[PDB]
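Asks: Here is what each chain is made of, one letter per residue.
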Amino acid sequence: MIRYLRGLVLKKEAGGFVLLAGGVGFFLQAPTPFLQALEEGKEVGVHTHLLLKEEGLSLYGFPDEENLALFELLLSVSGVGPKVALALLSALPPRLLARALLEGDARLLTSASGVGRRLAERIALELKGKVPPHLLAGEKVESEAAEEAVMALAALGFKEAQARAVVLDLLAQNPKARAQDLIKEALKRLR
Amino acid sequence: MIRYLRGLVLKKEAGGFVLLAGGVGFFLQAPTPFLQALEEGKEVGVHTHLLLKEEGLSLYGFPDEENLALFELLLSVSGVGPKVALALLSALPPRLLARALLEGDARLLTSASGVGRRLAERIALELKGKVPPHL
Amino acid sequence: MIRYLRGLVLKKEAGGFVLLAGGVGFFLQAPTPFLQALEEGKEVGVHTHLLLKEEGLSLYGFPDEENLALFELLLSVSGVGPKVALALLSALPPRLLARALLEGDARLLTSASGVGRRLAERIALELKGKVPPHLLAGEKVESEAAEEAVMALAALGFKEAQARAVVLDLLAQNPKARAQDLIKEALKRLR
Amino acid sequence: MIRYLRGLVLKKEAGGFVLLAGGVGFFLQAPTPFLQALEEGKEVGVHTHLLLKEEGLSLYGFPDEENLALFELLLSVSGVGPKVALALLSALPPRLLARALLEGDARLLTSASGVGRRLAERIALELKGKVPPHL
Amino acid sequence: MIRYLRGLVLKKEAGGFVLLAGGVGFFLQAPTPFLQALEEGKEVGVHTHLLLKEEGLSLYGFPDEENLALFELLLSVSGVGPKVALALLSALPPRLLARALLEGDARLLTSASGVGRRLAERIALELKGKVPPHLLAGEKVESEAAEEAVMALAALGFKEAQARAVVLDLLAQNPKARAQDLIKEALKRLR
Amino acid sequence: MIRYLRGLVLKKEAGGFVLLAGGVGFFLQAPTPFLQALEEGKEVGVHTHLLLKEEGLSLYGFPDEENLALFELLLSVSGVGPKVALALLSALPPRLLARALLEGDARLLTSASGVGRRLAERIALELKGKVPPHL
Amino acid sequence: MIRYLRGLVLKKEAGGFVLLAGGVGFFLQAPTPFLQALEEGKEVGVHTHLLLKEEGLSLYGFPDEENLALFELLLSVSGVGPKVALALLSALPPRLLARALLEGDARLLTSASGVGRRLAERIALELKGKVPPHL
Amino acid sequence: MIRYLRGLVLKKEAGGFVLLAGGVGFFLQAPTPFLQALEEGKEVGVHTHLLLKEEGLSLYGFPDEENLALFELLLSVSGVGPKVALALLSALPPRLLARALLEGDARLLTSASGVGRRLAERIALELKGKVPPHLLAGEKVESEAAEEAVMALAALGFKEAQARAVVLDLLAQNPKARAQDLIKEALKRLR
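So the sequences go chain by chain: G, F, W, A, R, V, U and C. Every letter in the first sequence is one number past the one before it in the entry's author numbering, and letter 110, counting from 1, is 110. Every letter in the second sequence is one number past the one before it in the entry's author numbering, and letter 93, counting from 1, is 93. Every letter in the third sequence is one number past the one before it in the entry's author numbering, and letter 103, counting from 1, is 103. Every letter in the fourth sequence is one number past the one before it in the entry's author numbering, and letter 84, counting from 1, is 84. Every letter in the fifth sequence is one number past the one before it in the entry's author numbering, and letter 128, counting from 1, is 128. Every letter in the sixth sequence is one number past the one before it in the entry's author numbering, and letter 108, counting from 1, is 108. Every letter in the seventh sequence is one number past the one before it in the entry's author numbering, and letter 60, counting from 1, is 60. Every letter in the eighth sequence is one number past the one before it in the entry's author numbering, and letter 100, counting from 1, is 100.
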């Protein structure tokens, strides 16, 4: 239910940390990497993952949707718990873990704290193939293809505005527009 | 306990979406139609249903007392599949469903994915006259 | 955990209603009486009572601490659930129910929707005596014994302030001060 | 998931108190001492511990990582009695407790109400060297 | 595990009875019909059906494999318990119940003590088709097709033995031999 | 499933006894009276009651449909204590019990060990008119 | 607790058979092969395995410490399917199985009915070096 | 329920063995000692102890009531299972274990396979005192105090019968009669 949260890093820890979102001091565990790049006092967003139990409720935080994704997916397997999933996530980088998970590197998995011999195997055979659409490379947008379009246009002659004023109108009739397909199509209406 | 949630759709995504409700990202699964209709980046209120599990909580937002109601009704059978639930609610509009559920139309239900003859067949029977007039 | 909440009465119902506290639309059941004296649109405070389950979580609201108290106490008994406890609370007034519960009117209990024959009995034998400190009469403070003190003083001669200015100083050295014990003790220092 | 709660003490009351945390009245049971010390009507932060049950959630606020820590430690035994837990934490100050727990002093624990010889006796054993130096 | 048992009918009952097999007095419930055709004192065989629980173990007895069969099959359905299954079995004859169960007479099912409206339906939709190989007519062998063969042979001329002495030898080379296919084939070797 | 067991009392012993039933030593707990009356080394039939548990089976032999019946009846309440059960059946004869149970006499039940006022008090209520005439 | 049962095969029948063990008809499911080999009307001893369930007991007789052993081994995985168990034991002889299980041969297991690639695939892994030399 | 059993030792094992009582081959675990003094082929009595579970039923056998006693008592403690209880029983002799258990030798307990450090302690603190009436020395009757009486009498003069014929009559009026109290009391009636 709780997936995202914003608040102060109130106080860190070995494998946990506390987020003062609202007026509530939430306590969530996270991967060492993420955990370290975490500094008390500054606001922060966290991709959380609730988790019931038989004695209480648990919160697990992550740097970005990607991570969260694996953590879940990971928990998806029978036998793998938060600790392990966390280990794996705390050991090798997501991207590399995504691949590994897909392909099935029970070898590479073992190669990481919480190093599970046969477990790394189950987790492997178990998610081979079953992994992942947009998850082999951390989603990251470059530059404003829009502006980027213009910027090109300007340097190609066309007085800025002339170029920007029609790049926009282009993104209108067609929101999807890689600078390329955008830029070109401008030359057309800029003949 | 959550029945209604009104806030920003922080991010549509697949079978669900994230709704911001005052510093807290709530994640709800919801009917494909609704799902697509839903425009991210803006506000929205959605009559929801909080569902607990071995894992933990699971929210389900819908556009009205309407869909919600069918969702909940479908949930009380055996193929309680919120999946199936959502399966059905995604394939047939509330009106056709309610009329189908009620007049027990298995010769339709099957549209939903995952609802073979059997399930639907023994879904209508299970709900024989449980589908409230309000349709 | 959740005991109190403030928000709009978003939408009422047969035996339930929704409280839009925060940005969340919480749905809680309440006693018919309380329920009716409830009007969509106006802010309201609710003495809530969470309740886990095996399929979801449930919220039960109440007019005042008193009620909440019984509702719990009620649930305290083996076999009595929210519905019943609610019935009982929805039927006869708290005060009368508090008494009844104490004394043991399995007769009076039955005498109320959800009218349980032997249940009214269990619930009776079961809480006989086990009920309640400050719960035989809805807690309700009268007038500002403080001011009330003064007000008397003024009408007894003493120019207001003279009287108020020392009633306060009296509540200082001694916060607990029924107008009586307060008033008198003023005449002393007002000789 | 709640570990820290900082807000207005809406109402001290008996074995607990109500803390206002942004439009929501949270209710926490807590150690008698703390409890009395606690002045209602003002602000307060309290390191808490959320405990689930058949019934449902139960919060437990304490004044420090300190008490909290002992509370939690005591909770993991068998006489997991948050009652007993609170029983002990109310009778002996964290220092004496931790030193007692650790050096396993049953010849003390019994002060707490509900902790007969047996329980305490088999509480020290259970925690033999589980009481962390930090005392 | 326990399916069959032999012992005295030690003492009967409303819907139960006790079988003293071994030295143990076993107590099993059975269908009224079967139950009535049961008389204390005489040995008897029972087609039993154990059944664990959360408070004890239960034994359900039946006249013949056929019945037992239905009782189980019956229990096979979700929601139908021993009581109901028993009712159904205690009401209409197996054969007719077998048919009904196959075809799906939620109408005929209801038509019987423990008369379940929608239940008779579930039980119906639920076992439609899923019922039963050799279970539409109580298995019952006629006469010794073997001897029967002979008996015919004798009356057809052939001195008894001559006929019997070769019927046997026929059942040898071929155990499966309806009197017909048996008899004929004798005339051949009796030419 | 065992209701009657008839065989040699291989060994009386404390709160139970061992009965030989064709190469198998069965062990039954039973009412003190019966228990003492019982002469070991000889034969005996005893209407029993097999009770399952977390641990496992538990037999309870009694001298008649009579006692058995009360034993079983008492077992269905909450203080299902076959102990309490046996407690009561050991203190009061079936007749007085049945008449007590039925006319709900708590002013007696207490004789049994372990049955405080409360239990007995809320044992009669629980069985108000459940005690079958046959007394 | 039953490991061996030796008595008359009162009636072969389908996926099981009834064995008479001194006035008591025991019913055991068993491997098809064994099953057919089995001649009804005569005696037989069969190393068994008693399995409890929600329903209740379930016996499983086999012809040797051999098959029994594999049956039991297969039972401890996840697709604990005594069905699958029997499925496998019916398709491959103990020797090939044990050698297959052990050398983890999924490129075979699939013969058994109900054992798709996946199951078998994650049956060998589960038993990697659990298959005892004795083959 | 099952406490005693007689049958052949059909086949032994590492920590188990099979008893063919009736026609059933029962499989029960026992203590190594007991286990070893066990030889396939010979009849034997076993002090058994059933034990349900969530996957099957378990049988644990013992040499004599004494042992069985401890095994149970042992299981009585929270955390100690059949294995451990068995270990303990398989390690040190009952008598010594009975004492130990009473007194509380967490030291001596540890001193035995399944050597539990803190467990030996729990088991200790836990049964200290709570152990055992007639269980500090394996119950074992000497000689027929009766005959023994006589035998003395004869050697003291009195012609055998004369002595035996009145020892019996003595055990009659008084079954409880240590040879001593028996013998003497004979001299009286043999004056």
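Where hints are given, some of them may not hold.
Stretch-level coverage of chain W by chain F, calculated; a stretch enters the list once three of its residues show a Cβ under 8 Å from a Cβ in chain F [said to hold, decoys possible]:
# : region
1 : 17-30
2 : 56-69
Pairwise CB distance ranges, derived in the manner of DEER restraints [what the hints assert, rightly or not]:
# : chain 1 : residue 1 : chain 2 : residue 2 : range
3 : V       : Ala37     : C       : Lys188    : 31 to 41 Å
4 : C       : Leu96     : F       : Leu52     : 51 to 61 Å
5 : F       : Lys83     : G       : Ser143    : 56 to 66 Å
6 : V       : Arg117    : A       : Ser76     : 45 to 55 Å
7 : V       : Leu52     : W       : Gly81     : 23 to 33 Å
8 : W       : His134    : V       : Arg117    : 41 to 51 Å
By construction, these hints were calculated from the structure, which means they are not laboratory data. All C-beta atoms in this analysis are idealised placements derived from N, C-alpha and C, irrespective of residue type, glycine included.
Asks: Compare the structure with each hint and give your call.
Replies: Results for each hint:
With 9 residues bearing a CB less than 8 Å from a CB of chain F, the region 17-30 of chain W meets the requirement of three and the coverage assertion stands. Counting residues of the region 56-69 of chain W whose C-beta sits closer than 8 Å to any C-beta of chain F gives 4, which meets the bar of three, so the coverage hint holds. The hint said 31 to 41 Å for the Cβ distance between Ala37(V) and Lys188(C), and at roughly 34 Å that hint holds. Evaluation of the 51 to 61 Å hint for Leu96(C) and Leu52(F) yields a pass: the beta carbon distance comes to about 54 Å.
A hinted range of 56 to 66 Å is violated for the C-beta pair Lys83(F) and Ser143(G), which are about 40 Å apart. Distance hint for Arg117(V) and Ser76(A): a CB-CB separation of about 37 Å, inconsistent with the stated range 45 to 55 Å. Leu52(V) and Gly81(W) have their C-beta atoms about 28 Å apart, which keeps the hinted 23 to 33 Å range intact. For the pair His134(W) and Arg117(V), the supplied restraint of 41 to 51 Å is violated, since their beta-carbon distance comes to about 28 Å.
Comparing the model with each earlier hint shows violations of hints 5, 6 and 8; every other hint is respected.
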